[PDB]
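*Asks:* Okay, here's what each chain looks like letter by letter:
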Amino acid sequence: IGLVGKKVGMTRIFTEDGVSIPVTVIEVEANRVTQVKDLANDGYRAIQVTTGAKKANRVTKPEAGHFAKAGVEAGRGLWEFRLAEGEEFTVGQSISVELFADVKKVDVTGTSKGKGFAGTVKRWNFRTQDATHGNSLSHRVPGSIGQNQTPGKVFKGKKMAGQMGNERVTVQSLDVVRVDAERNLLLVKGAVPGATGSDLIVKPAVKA
Amino acid sequence: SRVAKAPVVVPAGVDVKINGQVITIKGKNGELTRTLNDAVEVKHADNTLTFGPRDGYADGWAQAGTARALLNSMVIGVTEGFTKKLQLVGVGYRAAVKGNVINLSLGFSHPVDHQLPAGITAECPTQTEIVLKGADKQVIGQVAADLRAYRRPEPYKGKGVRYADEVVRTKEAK
Amino acid sequence: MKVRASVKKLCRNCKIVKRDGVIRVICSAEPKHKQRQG
Amino acid sequence: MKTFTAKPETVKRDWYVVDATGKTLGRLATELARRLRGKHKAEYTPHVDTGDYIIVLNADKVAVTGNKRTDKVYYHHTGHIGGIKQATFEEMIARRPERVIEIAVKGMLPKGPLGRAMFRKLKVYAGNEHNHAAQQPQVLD
RNA sequence: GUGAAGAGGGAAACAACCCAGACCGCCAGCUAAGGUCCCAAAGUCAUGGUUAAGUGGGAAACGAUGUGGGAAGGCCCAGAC
RNA sequence: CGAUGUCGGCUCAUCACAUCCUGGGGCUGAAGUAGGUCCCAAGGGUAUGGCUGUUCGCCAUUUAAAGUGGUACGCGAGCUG
RNA sequence: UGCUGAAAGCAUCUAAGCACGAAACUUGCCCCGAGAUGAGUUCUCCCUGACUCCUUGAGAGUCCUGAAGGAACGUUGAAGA
Ligand SMILES: [Mg+2]
Ligand SMILES: [Mg+2]
Ligand SMILES: [Mg+2]
Ligand SMILES: [Mg+2]
Ligand SMILES: [Mg+2]
Ligand SMILES: [Mg+2]
Ligand SMILES: [Mg+2]
Ligand SMILES: [Mg+2]
Ligand SMILES: [Mg+2]
Ligand SMILES: [Mg+2]
Ligand SMILES: [Mg+2]
Ligand SMILES: [Mg+2]
Ligand SMILES: [Mg+2]
Ligand SMILES: [Mg+2]
Ligand SMILES: [Mg+2]
Ligand SMILES: [Mg+2]
Ligand SMILES: [Mg+2]
Ligand SMILES: [Mg+2]
Ligand SMILES: [Mg+2]
Ligand SMILES: [Mg+2]
Ligand SMILES: [Mg+2]
Ligand SMILES: [Mg+2]
Ligand SMILES: [Mg+2]
Ligand SMILES: [Mg+2]
Ligand SMILES: [Mg+2]
Ligand SMILES: [Mg+2]
Ligand SMILES: [Mg+2]
Ligand SMILES: [Mg+2]
Ligand SMILES: [Mg+2]
Ligand SMILES: [Mg+2]
Ligand SMILES: [Mg+2]
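Protein chains in written order, with PDB author numbering: chain D, 2 to 209; chain G, 1 to 174; chain 4, 1 to 38; chain J, 1 to 141.
Check each hint, because a few of them may be wrong.
Unchecked claim - Below are the DSSO-like pairs computed for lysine-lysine, each with C-alpha atoms no more than 30 Å apart in a straight line:
1. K28 (chain G) x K32 (chain 4)
2. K157 (chain D) x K111 (chain J)
3. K85 (chain J) x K157 (chain D)
4. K32 (chain 4) x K174 (chain G)
5. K85 (chain J) x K208 (chain D)
As the list claims (entries may be wrong) - Cβ pair distances, simulated, as ranges:
6. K159 (chain D) x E154 (chain G): 29 to 37 Å
7. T78 (chain J) x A41 (chain D): 44 to 52 Å
8. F90 (chain D) x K61 (chain J): 35 to 43 Å
9. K106 (chain J) x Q148 (chain D): 32 to 40 Å
10. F118 (chain D) x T5 (chain J): 55 to 63 Å
11. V167 (chain G) x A85 (chain D): 51 to 59 Å
12. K61 (chain J) x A41 (chain D): 27 to 35 Å
13. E89 (chain D) x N72 (chain G): 34 to 42 Å
The set of hints was computed from the structure by calculation and includes no laboratory data.
Backbone N, C-alpha and C define an ideal beta-carbon position, used for all residues, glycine too.
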């Protein structure tokens, strides 16, 4: 199905033969199933999960009730995952990281690091204009943004300046190195989105 | 016009049933069904059949004379059965039938398997010749043409999958 | 095949056909004579 | 004296059901657009939505003459740089069978707020079943 | 001839094309061009045919058992294609 | 004409298909390798340098390819001059 | 590219019917996305007191009550003009 997990930086694993492989450390505490959405009620089969811990006061009655229906502790945040037809889960069921002990490649999905208002040079990899050779007040600017009296306008989906990052992105088919059961870890190869402490929807790789 | 104006015989032990326009013919080899064109009309004349073109429609004769030629083949099929005789001309070519799945070796990197839709009796008298029998000319002729499509005759040595009766032009190398 | 706008019979065995609106020619003997359109 | 203009509050509307199985799209969608507008009623006014509510059901079973099952294209722009999406009458029926009747009516209705108001009247369905038994909608032909 | 110096209806929009010359009023009727399934006023009007190409709703030389019409001559019961 | 800044370069593009590459095909004076021409195909991709203000061109060396055009011979309230 | 097949006692990929067939097309992959006014769904949470006036009206006020929640303010952030 999939598990929610907090990102805990990057390290590396020196494999016994020689190779040093860079790994992201994802702590994946027991994902507790709160709500089993079904075709009968909702019109689609899925499960709603949570993890971590809130304080018994920062949480609001609307959600403090919502958990009491299920009979679990109030985990920080809530996420929803799709079932695969043959699968079936129960309310108030913990999901450990042992799902990924079988599978090899995984997709990690998290919110990227916010860069704020980025220019076209940074955001869209626009080439910078000549730093000298007569140039006046236009080094890192975007140049032209259209044609002339024909369209008489700027087309939609034009690559201009604006917000960069702080957006949900998926990095696909990362190889799992180790799946630790004792400390509830998951060691995926390479780098995944979002800074240390950001949440990550980890799930089995779709591209089989 | 001429083909349509010629009654179709029905041998003994060949049960024909007319469900409106849907014709179901049951014989010894296998039961067969045929949904026919709306412009054609068909009835039983004692033993033989009759194919009348319906009044009101433009191309009745054309559509009836088709159905005549269909049921002519379909009645022959269920009683007698149809056959096609393929040969694999060329060195290093091989054919086999394990059950109802034709395993070919036509000089490729991988052996190709070919499935047989419906009751198509695929035989193998020799290892480089595929005889195959059944009821429908349609499906037989199709399957044969698929088995051909993997390798059409090279117009030089005649290398490939060919029919028995099919003459081929082998042009000279220049 | 040839897609000329004025297709026509080049030998005895050649024959004219109308497949999907388009006028074509097909031959028993020479594949060269096979032509389309017009 | 003046002529009687219709007054919304007093407009006693009616509900209808239309089985669209084996109907010609245009010939249907016209007869809908006549009713939706309210020109069949004798107290018709060109600035008031007098026309009735119609429930068209079995939208996917609608018929079209000639080769328009394949050849009838439905072009629509995306408001984007060069995105001109198209779809054949098959492909439209496979995807969204409601859209077919809805467009053919929407084209025939007038443009403007009243035009959009008298489209809201129309209710299109793919299946034979509908969930408006509370209104007792009469069978229209 | 029209516009310029002439409004109005039609030709989607369109000075000069078609119809027709605005004294003012009227919640009267009859007509012109053009129209009459819906946008949008009026024929899903009647009679007998043509087209299947979305032709209608841009176009040529030229191409073709596409299809609908009359008129003559070629061959049969010694039985033709 | 009570001003619509004209070549070329840079930046940024976008569309067309009369396709340069890649993809799918027929015929070949197609043995195979590689081609030749024609048909379908616009998803993506489509040099760096030397000379000259150049566009272009020639040359050198690459490339799977170094497409032809439209866009005020795209783009000066974006830069250069 | 084919497979059966009349009109045309044959032949033909097609006129009925049936099968393959490309980076194009529609999905699959990823992102925004119910202002999708057609404003969708599921789950949970929160509120159950009197009274005259009267063009007795989705009427208006008088006191009594103000929850869920939210805002603000503060400390601030790998969030951010
Ligand atoms: Mg930031
Ligand atoms: Mg640069
Ligand atoms: Mg200066
Ligand atoms: Mg400077
Ligand atoms: Mg500036
Ligand atoms: Mg500036
Ligand atoms: Mg075809
Ligand atoms: Mg409109
Ligand atoms: Mg003057
Ligand atoms: Mg008028
Ligand atoms: Mg007008
Ligand atoms: Mg003019
Ligand atoms: Mg004139
Ligand atoms: Mg006239
Ligand atoms: Mg009109
Ligand atoms: Mg209007
Ligand atoms: Mg009318
Ligand atoms: Mg001026
Ligand atoms: Mg220039
Ligand atoms: Mg082309
Ligand atoms: Mg695609
Ligand atoms: Mg150069
Ligand atoms: Mg200009
Ligand atoms: Mg020009
Ligand atoms: Mg210019
Ligand atoms: Mg310029
Ligand atoms: Mg400018
Ligand atoms: Mg100078
Ligand atoms: Mg200078
Ligand atoms: Mg035949
Ligand atoms: Mg690819």
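*Asks:* Against this structure, judge whether each hint is valid.
*Replies:* We went through each hint and held it up to the structure:
1. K28 (chain G) x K32 (chain 4): violated, 47 Å
2. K157 (chain D) x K111 (chain J): Holds, because 27 Å separates the two Cα atoms, which is no more than 30 Å.
3. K85 (chain J) x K157 (chain D): Measuring from Cα to Cα gives roughly 16 Å; hence the hint holds.
4. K32 (chain 4) x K174 (chain G): holds, 17 Å
5. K85 (chain J) x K208 (chain D): Holds, at roughly 28 Å.
6. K159 (chain D) x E154 (chain G): 29 to 37 Å: Violated: the Cβ-Cβ distance is about 55 Å, outside 29 to 37 Å.
7. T78 (chain J) x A41 (chain D): 44 to 52 Å: violated, 36 Å
8. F90 (chain D) x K61 (chain J): 35 to 43 Å: holds, 40 Å
9. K106 (chain J) x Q148 (chain D): 32 to 40 Å: holds, 34 Å
10. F118 (chain D) x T5 (chain J): 55 to 63 Å: holds, 57 Å
11. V167 (chain G) x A85 (chain D): 51 to 59 Å: For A85 (chain D) against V167 (chain G), whose Cβ atoms are near 56 Å apart, the range 51 to 59 Å holds.
12. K61 (chain J) x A41 (chain D): 27 to 35 Å: Check passed, 29 Å falls within 27 to 35 Å.
13. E89 (chain D) x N72 (chain G): 34 to 42 Å: Given a distance of about 57 Å, which is not inside 34 to 42 Å, the answer is violated.
Violated hints for the displayed structure, listed by number in ascending order: 1, 6, 7, 13.
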